[PDB]
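Peer 1: Whole structure, please, built from the sequences with the hints as guidance.
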Amino acid sequence: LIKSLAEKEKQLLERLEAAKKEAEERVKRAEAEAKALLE
Amino acid sequence: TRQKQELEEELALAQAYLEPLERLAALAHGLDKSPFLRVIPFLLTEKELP
Numbered sequence: 022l023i024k025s026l027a028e029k030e031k032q033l034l035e036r037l038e039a040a041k042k043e044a045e046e047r048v049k050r051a052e053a054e055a056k057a058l059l060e
Numbered sequence: 102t103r104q105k106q107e108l109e110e111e112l113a114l115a116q117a118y119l120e121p122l123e124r125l126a127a128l129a130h131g132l133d134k135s136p137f138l139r140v141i142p143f144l145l146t147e148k149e150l151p
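Which chain is which? The protein sequence lines are A and B, in order. According to UniProt numbering, the first sequence is numbered sequentially starting from 22. According to UniProt numbering, the second sequence is numbered sequentially starting from 102.
The hints are simulated quantities; they were obtained by calculation from the structure and are not laboratory data. Hints should not be assumed to be uniformly reliable.
[As the list claims (entries may be wrong)] Listed next, the in silico DSS-like pairs over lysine-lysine satisfying Cα-Cα at most 27 Å (straight line):
no.	chain 1	residue 1	chain 2	residue 2
1	A	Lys41	A	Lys29
2	A	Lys24	A	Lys41
3	B	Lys134	A	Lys42
4	A	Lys24	B	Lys134
Peer 2: Okay, here's the thing in structure tokens:
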């Protein structure tokens, strides 16, 4: 109830980091489609 | 005199809850100020935890 809870909350925050990276991935594919359609 | 009275009051208030705050912080060292869980600590009575 100290070390496991600290590491679990850390792992929850890491999953939130993965969600922010996949939102950045969606920004990336929006950029890719914008440049490809303009070309 | 003001500094001495304030320091004596501060030393008394620190000594009134010195070891128990340390023990509660050592117990609650994983969620101290995490934004999902408030930890109500209570310096409560003897072994009637049920």
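Peer 1: Each hint: holds or not?
Peer 2: We went through each hint and held it up to the structure:
1. A:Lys41 / A:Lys29: holds (19 Å)
2. A:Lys24 / A:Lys41: With a Cα-Cα distance of about 26 Å, the restraint between A:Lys24 and A:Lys41 holds, given a limit of 27 Å.
3. B:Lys134 / A:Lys42: holds (26 Å)
4. A:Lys24 / B:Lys134: Holds, at roughly 15 Å.
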